[PDB]
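Since the structure of chain F is provided, determine the placement of chains G, N, I, C, J, B, A and H with the ligands on it from the hints.
Here is what each chain is made of, one letter per residue.
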Amino acid sequence: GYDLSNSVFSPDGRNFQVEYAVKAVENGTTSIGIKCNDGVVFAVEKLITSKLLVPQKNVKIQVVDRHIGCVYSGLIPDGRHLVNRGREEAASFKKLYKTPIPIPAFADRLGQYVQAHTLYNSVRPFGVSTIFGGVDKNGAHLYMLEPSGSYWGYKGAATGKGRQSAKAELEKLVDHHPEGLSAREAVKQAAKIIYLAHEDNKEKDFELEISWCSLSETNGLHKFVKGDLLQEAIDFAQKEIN
Amino acid sequence: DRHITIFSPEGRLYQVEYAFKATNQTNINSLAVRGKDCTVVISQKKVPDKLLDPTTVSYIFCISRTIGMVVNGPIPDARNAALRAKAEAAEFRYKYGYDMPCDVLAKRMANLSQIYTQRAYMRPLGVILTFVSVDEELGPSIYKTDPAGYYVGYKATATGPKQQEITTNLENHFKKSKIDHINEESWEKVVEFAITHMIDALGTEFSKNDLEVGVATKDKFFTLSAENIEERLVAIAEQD
Amino acid sequence: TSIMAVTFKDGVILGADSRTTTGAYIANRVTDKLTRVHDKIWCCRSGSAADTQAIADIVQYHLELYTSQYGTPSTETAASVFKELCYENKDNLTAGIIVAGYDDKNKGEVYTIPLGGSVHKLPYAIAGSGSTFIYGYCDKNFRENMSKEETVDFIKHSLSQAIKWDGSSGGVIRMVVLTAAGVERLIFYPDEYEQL
Amino acid sequence: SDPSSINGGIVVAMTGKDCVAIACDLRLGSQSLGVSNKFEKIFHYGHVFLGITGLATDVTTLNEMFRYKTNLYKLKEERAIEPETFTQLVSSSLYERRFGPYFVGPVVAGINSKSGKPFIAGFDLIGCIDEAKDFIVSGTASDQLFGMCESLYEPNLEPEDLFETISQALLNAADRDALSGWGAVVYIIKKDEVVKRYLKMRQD
Amino acid sequence: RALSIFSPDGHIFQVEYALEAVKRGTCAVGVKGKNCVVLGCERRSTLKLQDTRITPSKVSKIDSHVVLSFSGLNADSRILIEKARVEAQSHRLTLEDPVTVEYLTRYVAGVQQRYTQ
Amino acid sequence: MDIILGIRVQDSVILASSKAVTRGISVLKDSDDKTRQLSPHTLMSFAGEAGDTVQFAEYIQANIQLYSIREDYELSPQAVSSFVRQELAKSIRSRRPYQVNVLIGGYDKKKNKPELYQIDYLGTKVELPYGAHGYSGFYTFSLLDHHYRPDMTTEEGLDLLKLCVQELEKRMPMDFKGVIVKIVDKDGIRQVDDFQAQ
Amino acid sequence: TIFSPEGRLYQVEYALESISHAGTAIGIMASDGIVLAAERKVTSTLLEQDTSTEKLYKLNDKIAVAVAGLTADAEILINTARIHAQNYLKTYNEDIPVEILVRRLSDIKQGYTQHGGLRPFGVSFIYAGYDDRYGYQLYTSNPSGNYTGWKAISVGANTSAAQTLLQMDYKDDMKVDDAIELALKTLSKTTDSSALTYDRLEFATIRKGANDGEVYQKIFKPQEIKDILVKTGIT
Amino acid sequence: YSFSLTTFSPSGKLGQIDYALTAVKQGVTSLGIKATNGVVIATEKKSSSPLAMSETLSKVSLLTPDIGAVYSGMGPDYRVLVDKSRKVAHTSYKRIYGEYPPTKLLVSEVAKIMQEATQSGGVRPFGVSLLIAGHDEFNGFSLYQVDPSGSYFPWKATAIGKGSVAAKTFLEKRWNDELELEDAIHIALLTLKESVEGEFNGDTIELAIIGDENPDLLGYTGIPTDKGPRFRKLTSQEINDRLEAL
Amino acid sequence: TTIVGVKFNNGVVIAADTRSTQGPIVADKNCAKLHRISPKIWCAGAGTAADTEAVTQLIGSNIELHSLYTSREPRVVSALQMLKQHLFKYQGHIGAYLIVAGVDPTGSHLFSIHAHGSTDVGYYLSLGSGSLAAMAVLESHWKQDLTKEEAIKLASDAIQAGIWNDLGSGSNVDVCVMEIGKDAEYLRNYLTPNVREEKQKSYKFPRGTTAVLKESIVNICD
Ligand SMILES: [Mg+2]
Ligand SMILES: [Mg+2]
Ligand SMILES: [Mg+2]
Ligand SMILES: [Mg+2]
Ligand SMILES: [Mg+2]
Ligand SMILES: [Mg+2]
Ligand SMILES: [Mg+2]
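Chains as they are written, first to last, in the deposited numbering: chain F, 7 to 180, 180A to 180F, 184 to 199, 201 to 206, 206B to 206C, 207 to 218, 218A to 218C, 219 to 241; chain G, 9 to 34, 34A, 35 to 143, 143A, 144 to 179, 179A to 179E, 180A to 180D, 184, 184G to 184H, 184M, 186 to 218, 220 to 240; chain N, 1 to 70, 72 to 92, 94 to 105, 105A to 105B, 106 to 181, 183 to 187, 187A to 187J; chain I, -8 to -1, 1 to 36, 38 to 105, 105A to 105C, 106 to 122, 122A, 123 to 179, 181 to 194; chain C, 10 to 62, 62A, 63 to 125; chain J, -1, 1 to 90, 90A to 90B, 91 to 105, 105A to 105C, 106 to 181, 183 to 193; chain B, 13 to 63, 63A, 64 to 144, 144A, 145 to 200, 202 to 204, 204A to 204B, 205 to 216, 216A to 216B, 217 to 218, 218C to 218F, 220 to 239; chain A, 8 to 102, 102A, 103 to 147, 147A, 148 to 200, 202 to 209, 209A, 210 to 217, 217A to 217B, 217D to 217P, 218 to 236; chain H, 1 to 91, 93 to 105, 105A, 106 to 187, 189 to 223.
Okay, chain F solo, but in the shape it has when bound:
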């Protein structure tokens, strides 16, 4: 009976409801991020349930303020909620301190909020995990946040169903390029990694979505990868996919 109410500590000191929330996450689309030399790339797998979907429209990556990019996997709506709060939290930070919210600051903000939803049985944990980051006064930052509110910084991160395949791919990158990775490369790389991770869900045709926040390619602001730069990586992935 220790898994029926949220805040309940099982006899092993685990919060079961949090853990089930993770399952909701696992059942979701794959998404990743790659911290690069001076920015971060975000990419996600958009599952095309049917031809009736208007192409390149149901955008899933979101921005917070003007420099933080956010992507998550799990119950989509729960993510939106988390972002909205991020936005409110970011503004309040700017209003009072003028400087846009530093990513570590932002992260802790989201963290504290989520952690709170595992404190009372009158709330259910968030059925999502978010990967986000951006550029700030001192470097790039990539973070991943889980339903328990836990979050840490990453060099690369992934989540969703193709998660293990993806992480594997990310790990390769960290070991082959300790120097860093140019924003352009990471883009292509993310494209690949997603294509790859897509195999754990190898049954439906997909639409890739990528975004970046680079100090040299986007001035430190979050912009989506579209047009020429997007086709380039789609093909790069379509290439190394065989």
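No wet-lab data here; the hints were simulated from the structure.
Any given hint could turn out to be false.
[Unchecked claim] Derived pair list, reagent style EDC-like, types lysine to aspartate or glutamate, alpha-carbon separation capped at 20 angstroms:
1) H:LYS205 to I:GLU89
2) A:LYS20 to G:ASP56
3) B:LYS222 to B:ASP44
4) F:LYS178 to G:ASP56
5) I:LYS190 to H:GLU216
6) H:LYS89 to I:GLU143
7) F:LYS173 to G:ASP56
8) J:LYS105C to J:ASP181
9) C:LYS69 to J:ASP71
10) G:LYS207 to G:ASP60
11) B:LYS222 to B:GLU29
12) H:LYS205 to I:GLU143
13) B:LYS101 to I:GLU147
14) I:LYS105B to A:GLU105
15) F:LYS104 to N:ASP105
16) B:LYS230 to B:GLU60
17) H:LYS143 to H:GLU179
18) H:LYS205 to I:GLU153
19) A:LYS94 to I:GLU89
20) F:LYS57 to F:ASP207
[As the list claims (entries may be wrong)] Looking from chain H toward chain N, a few residues come up when the C-beta cut is under 7 angstroms (computed):
21) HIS86
22) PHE88
23) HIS116
24) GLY117
25) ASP120
[To be verified] Listing some non-contacts, in silico: residues in chain B with all C-beta distances to chain C over 10 angstroms:
26) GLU60
27) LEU100
28) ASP118
29) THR124
30) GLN125
31) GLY237
Note that the Cβ used here is the ideal one computed from N, Cα and C, for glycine as well.
This is chains G, N, I, C, J, B, A and H with the ligands only, laid out in the frame that chain F set:
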């Protein structure tokens, strides 16, 4: 009777008891000791995933200019305690005109924990907090609080799964030396002593990326970096 | 009250008289109007002693917390906090403050938060009743990227004038030097500034 | 317009050897119009007397309030309140309304049942306490009273003598006050007994 | 928390049970003649050594011309009675005419209903 | 202001009240009743600001009636007045005070004595043999003080009242259109419909 | 605060059970006074009975109540009882009539019965009081919020036992000295312990001495109980 | 959770209350003995490790300069209870009469705090029992025990927690109404010894008394009405000096 | 009113006159204006007396609690910060002007708070109607490093300045010395210079002089 903090027929609070188990979920051990004029706290640092940015993994927090706190428990509950610790510390200063005494900060945090123990809607936090500083009135200090709402001051202490091993090790040292503190004038040595006795009890060797040290001297608490740890780690590989 | 903060090559200096009056009575002749809101962010206070002391105390607090959570605050941020307080509560405040701070990337910076609660960043700033008299002198003798020595004098001169003419100003001249090397407290007596 | 000068009235309290006295006039008026000549301003909760002068509705109210308060006090503590204690009660009770006060001027008088030390005290409309061992005055003829007291008063008077003194003080002071008079009441308080006397005086 | 709620059969148990409490209460009766109404009630006899002089009578005046007797939880009644008396004076004070028995009734009724939802 | 007078003889309390209601420049009504029966042995007369006047009296009435029902008892005049004092003493420090003055005459069935209470808009309450509010006192007190006697008959009081009313009609500037008189005694409250000539 | 399928309020019924486990309080209303006696629960040689007050409380100078149930629960109600008394006095300048105070206390209890979701008060009261309208009165209120008035009554443990004994020896024209005797008698025959001893009693009377006019409430001091005990013969 | 967590059970028992009383029973022993010119309360400092520092845990607390409290049960619950108690001594009393409340009243206030835990929605009772000792001009000396129910009663002597019955029995025999403070301390010490498992000395015992006024502890000289606090905690040394005279 | 705070080589002393006045009338020819906030922290106040007493007791109380809760001796900067935040809260309406002095673990302190909530620090300060007469003296005889005795004299004289030259002050001098190592010593009526001379006659009336109409015994007991 076992889902909210009400009493059991035996007169126990199970949820409080299970919270104590969560404190161990991380599998990190730490310890703290008091110097002649400082206080140190070592804690293991374990970065599993290669994809993690090692620099952001810590369970040691700078609460105020003079107070440091180490947490044994899950990260979420840890940070949740930190933020409040920080705030409470600030508010204390603003309202009273002098920095919040570590022991006072601890009692405060303890009182907040007691509340989750008595109110059904609040789950306790599965974390144990060790507060350290060099009190302007009390000197080097270590005050630890737990999910039961208990808090007390220590000559030295340790926390983690291998708590008892470390404790006995230290218990022995103090029974031998007769004093309630390491007898060294510099923090560097106390840090050493600390890491030494850690190695001694856990039976393991530490590199620079496996430790996390925090020091508190008059008017300031800081965390050493890898490089600073090394100078300690090196200096130790000569006595042992 | 006469106060000014001047940014120089190595950082910034804040100077001010030391007289607080209640009418023509000198309630306190050794007042310290140079307030620390943070290690290297200080503010000069002009207006209601009560209003400013409070605002200061509050910014000092907001910044202590900022620190705990996100590290060292910029001067721009210290300013924004002051502005926020002054602007949002304008109806019940009589305070004009100068915020000056030192940072390694920005060197010295100076902000003036006038009565309306607005903020202006400037090379130097002067404020207080005695300031009226030295706008001419200051706009004339001020040059950018001066040495500490030069700056000290420029402040010592401007303020001795202000003290000369304004009766609401006097006492001793206090200064605070904010540079990478640290924080220095300076004090000049009447016996010196009076005859320059 | 000054609420403290609409109804008129004065009170005075003095201490002697093992006793205290407290007197008040009886007029209740509305400006120039005398309205009642039977408005005692002295009340007691056990062996503690409170005299109150000022706006009459407030005089009434407060009296009602302190009974209530002294009553519960007795139930909880199982003993009668003491002068010193009552005093702090009155004070705190008045400061409670620091920004919309009861326009009155209270005077406490009694003898501590344990120590036997005579006690009197007075307050202004917001609790500022005046504790003097000689005498306390309040009312529209305060100036008058001070004059009389400062002259007529001398320490350690016997009940029989204090009586005269306080009566005279009250009486002549009242005669120089428009809004006071129409009768007077004097209490002579001793550890064991308390005598109350009405004085004959000009009815103008 | 919703106590009075529906059941699969369309009943509000709490309301239904309320009725049972009524059944356990002593009897009360009222019959109306041609130019009068009489209300009689039986007195409770669980324990006897009562001071009839003071004991809360079973018939209560709502107003100089309206009465109310009941059967059930003696406590629960007092409330209905108070609210009724208060509304009797209130009607007078705003309509300048005392309540009609119907109105009074419709009032006390409305109260009970409210407590059911 | 209007006239409100009361005088308690030995077995009752007589209350007389002006019959005029003035609104600005014209006299609207010449037959107003400025009193309400609180309980069958307690009457309250009143004079003050336009609405406040009635609104207050009716409130008191309702509240005294409700107690009579809830308790099956009639509060003593003394009780009825303390209640009224308290209600006034409360409004003096409210948002908008009831600018009302009232006299309360009642026959205390328990004590078997008549009782007259004077209470002003401030909560100043006092018990007297005769009393009035506003300027009414200024002209009549001199007469009352002179001729009043505790053992007066109801008739003696009505004459004394008459005399008082006469003086008012003689020296008082405004036309109050006469008075309405009521007596409160052991048998209740009756209106002396013979005070235009008696 | 819900109903059972039988039309009963669980918590109230159960509350009453708790009460029956409480010491016995007895109130006997005479012609010229009222008596209240009560047997203390859990005592010892070391308990200070002298400076004790756990079952008999003064509500007002004219009203006192005997308690059977949770002492703490009692005190809460008592305080608000003492307060209503005083409020009424401020408002009207007359002592509150016993029934009004009683009715008020009861309505509070009833509250806990009908709404909120808070457990009722595990307490039952016997009110001995006097007033100018009905003279001496004795009342009782229990957790349901119901109250009623008696010539003699008891609460707590062994009620039926005691009530039966009371109904047996009680007669309309009684006198205090006799009621005292009877009160003690009954307690003595319904106790669950060895024998009635002063250290186990609480006793109080409300008399209107003929050589005066105001009612005097007297709470018996331990010695006086011991004395009143010898005279009535419990030895 | 706005409904009472302590409900009445069919037999007429307040579950959570009885359980809380159970929790109290498992706590360390603490006692209080009332003499003619004083009161003493003592307990044992159950060091949960020799690494902890015994002093940083006052099991005996001052509530007002003339009233002290010791407990048995869950310490945390006591800690917060002491806070609320000290506060209410001020808000409900010194801030109104300019003097500290008398023991029975403060006791009564604390009681009130616990009863509310016994009925307010969403809480569990306090798992502690306190012995509160104090003095006041009018009532003299007193000792009171307060339970989670909210029930409180006065004692000549008593003990609570673990060996309560044995202790109460030892006290029952030694106590008499002619005891001078030193003697009660003695008996307190004796009584304490029997329930104490390990080492019994000034660092494992905590005695405190309420006796004559200590001007030396006042902090200033001048005003002659207040001659000082009557509550005084015994020092390790002062304790030992009496132990050695066993 | 005249109150002064003078800091000395190892402590601080504060003093004040003892005259309370309602308008131009000496109400209390000897009231006390020296309040205790905590055993070793005292303050003197001028302005609306009821306010100085109230704000004093209130903070003293909150100070007594903070101590108990932190198991630490009270600190002046705390008393300061608390008074100033409360006074400031009430935008000047709590007419309390205070000089708060006292010793604590960090040393000796002397501050002044104006009713609007502004504070000052100095080695010597004064407040009240006698403020200027007293400050005149301090500005003439004060020197750095006064002994305990020099400070008492100084603070004492200053109050005398106000006593003689200010209509708003008078009667006697109260002193309170807070030395670091020792207990605070409150010297009530350290100085008594204004004693009324023996009246020229006795106004003791001969018994029976007053006219009584009715006599009766009042009942105190229940
Ligand atoms: Mg994982
Ligand atoms: Mg909880
Ligand atoms: Mg809960
Ligand atoms: Mg000048
Ligand atoms: Mg005056
Ligand atoms: Mg006169
Ligand atoms: Mg003078």
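Hints and how they fare:
no. : hint                  : verdict
1   : H:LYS205 to I:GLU89   : violated, 41 angstroms
2   : A:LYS20 to G:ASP56    : violated, 55 angstroms
3   : B:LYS222 to B:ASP44   : holds, 14 angstroms
4   : F:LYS178 to G:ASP56   : holds, 13 angstroms
5   : I:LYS190 to H:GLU216  : holds, 12 angstroms
6   : H:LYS89 to I:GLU143   : violated, 46 angstroms
7   : F:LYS173 to G:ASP56   : holds, 10 angstroms
8   : J:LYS105C to J:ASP181 : holds, 14 angstroms
9   : C:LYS69 to J:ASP71    : holds, 9 angstroms
10  : G:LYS207 to G:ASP60   : holds, 15 angstroms
11  : B:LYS222 to B:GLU29   : violated, 31 angstroms
12  : H:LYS205 to I:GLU143  : holds, 8 angstroms
13  : B:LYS101 to I:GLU147  : violated, 38 angstroms
14  : I:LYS105B to A:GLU105 : holds, 17 angstroms
15  : F:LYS104 to N:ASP105  : holds, 17 angstroms
16  : B:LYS230 to B:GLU60   : holds, 15 angstroms
17  : H:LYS143 to H:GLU179  : holds, 18 angstroms
18  : H:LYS205 to I:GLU153  : holds, 8 angstroms
19  : A:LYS94 to I:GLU89    : holds, 19 angstroms
20  : F:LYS57 to F:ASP207   : holds, 10 angstroms
21  : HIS86                 : violated, 12 angstroms
22  : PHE88                 : holds, 5 angstroms
23  : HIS116                : holds, 4 angstroms
24  : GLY117                : holds, 4 angstroms
25  : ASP120                : holds, 5 angstroms
26  : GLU60                 : holds, 35 angstroms
27  : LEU100                : holds, 21 angstroms
28  : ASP118                : violated, 6 angstroms
29  : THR124                : violated, 7 angstroms
30  : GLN125                : violated, 7 angstroms
31  : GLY237                : holds, 24 angstroms
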